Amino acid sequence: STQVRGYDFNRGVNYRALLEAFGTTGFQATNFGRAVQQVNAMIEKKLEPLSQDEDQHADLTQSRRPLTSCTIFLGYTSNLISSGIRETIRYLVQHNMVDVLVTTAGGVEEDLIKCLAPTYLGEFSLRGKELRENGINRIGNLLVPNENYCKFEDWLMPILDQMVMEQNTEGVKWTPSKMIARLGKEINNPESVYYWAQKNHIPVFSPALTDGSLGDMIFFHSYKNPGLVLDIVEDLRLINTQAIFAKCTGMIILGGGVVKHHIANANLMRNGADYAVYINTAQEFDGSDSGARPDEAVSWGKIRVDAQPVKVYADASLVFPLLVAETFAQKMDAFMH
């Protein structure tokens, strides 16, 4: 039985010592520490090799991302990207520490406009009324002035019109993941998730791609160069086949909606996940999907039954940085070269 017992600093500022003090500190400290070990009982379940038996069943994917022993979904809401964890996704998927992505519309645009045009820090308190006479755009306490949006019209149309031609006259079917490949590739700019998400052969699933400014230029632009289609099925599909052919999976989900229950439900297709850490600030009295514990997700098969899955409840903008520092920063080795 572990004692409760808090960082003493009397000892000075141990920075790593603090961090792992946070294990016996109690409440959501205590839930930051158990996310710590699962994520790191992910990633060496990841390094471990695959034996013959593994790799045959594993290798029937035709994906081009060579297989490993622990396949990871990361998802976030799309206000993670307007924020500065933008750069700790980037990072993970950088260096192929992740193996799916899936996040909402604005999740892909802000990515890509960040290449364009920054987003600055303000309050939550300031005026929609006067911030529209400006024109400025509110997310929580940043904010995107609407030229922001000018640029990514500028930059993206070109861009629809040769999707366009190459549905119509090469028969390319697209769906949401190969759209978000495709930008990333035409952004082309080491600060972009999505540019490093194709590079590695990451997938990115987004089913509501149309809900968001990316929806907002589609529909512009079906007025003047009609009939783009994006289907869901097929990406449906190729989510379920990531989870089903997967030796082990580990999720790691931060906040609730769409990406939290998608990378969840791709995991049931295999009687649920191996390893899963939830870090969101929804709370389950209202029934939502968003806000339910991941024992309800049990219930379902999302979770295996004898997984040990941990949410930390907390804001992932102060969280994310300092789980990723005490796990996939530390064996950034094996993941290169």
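Positions refer to the first chain, counted from 1. The term rigid core refers to the most C-alpha atoms you can superpose between the two forms while keeping them within 1.5 Å. What changes on going to the form deposited in another entry:
- Only one entry in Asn265, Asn225, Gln94, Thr210 has its C-alpha moved by 2 angstroms or more between the two forms when the rigid core is superposed, and that entry is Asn265.
- After superposing the rigid core, the Cα of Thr61 is displaced by 2 Å or more between the two forms.
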Contents of the next structure:
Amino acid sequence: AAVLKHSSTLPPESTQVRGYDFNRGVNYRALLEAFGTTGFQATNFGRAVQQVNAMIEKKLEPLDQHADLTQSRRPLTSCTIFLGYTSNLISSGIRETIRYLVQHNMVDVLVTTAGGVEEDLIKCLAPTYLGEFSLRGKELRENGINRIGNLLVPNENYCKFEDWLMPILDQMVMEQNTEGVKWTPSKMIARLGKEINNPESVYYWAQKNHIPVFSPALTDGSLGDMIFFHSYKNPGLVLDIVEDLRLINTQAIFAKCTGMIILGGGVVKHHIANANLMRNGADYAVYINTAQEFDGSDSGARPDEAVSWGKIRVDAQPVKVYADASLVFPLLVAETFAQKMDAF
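The form deposited in one PDB entry done, now the form deposited in another entry:
Next up is only this chain, free of partner chains and other molecules.
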């Protein structure tokens, strides 16, 4: 008191901390709304809801398409939304959440990691089960079960996938060799989505709605195993990543405005957003992941790192929620996209 500085009155729009009062009973909407003033990551959740709603409102504003350069059947809107997620999230029930968004045309580009395609298709053939993180590899191997976090996928699921996939790969090679088709990951993912023909599949809806999927490390997962084994029976498949780079970059540079929602990981480090002459950098970004920055990893980098790359604009107000997206993403969707369903 004799030793502490007098406090400079805080701004008049300064928000007081207050949690939800259960003496009101349980109104879940009011409970989720109270996260904003609860503090720590609950506050970041509230900030994320605000950012995603701003992104959606921008997208819904009514509108040159550059269709010659984009080579795309999907018309530009007032905000191009990129949805990114790691493959573990597709093994989880967040697959249902992502599918919903894609089914209703709520996002414009999907980006994922190795495994992130096939686990969606495999779930159309056979289920993934709940287990525990602590289950020992020895016991699981003796029982022909693969672990993904606390999830369990029987070996047979991958055997069923192989059987389903092989005649599709045969057609792809035949179409390449005799019909001039130049395959890329995104074109392959669209074909698999068409083939699975199942409304529970993310990739079925993506292709139906002309939402492209980019995954240049497609071969790092089970799909790689299959392509490789297939090549011994029917050699010659080629997958080019350069044309996919051109397709996604033309989306990036001709977007009127850009928003990103990134789950489980971080963003790529590159300068292409600076070549968007209309609006360089994203106006909106939300990350939801548990990774930490201190090892220098891409996954753990804060959004403000991407501002130095030009990937997110200096004047954007990006938000990271430090949490497992399996918990947070359905809540975020409940308060954003699922409210605006009528507009989509």
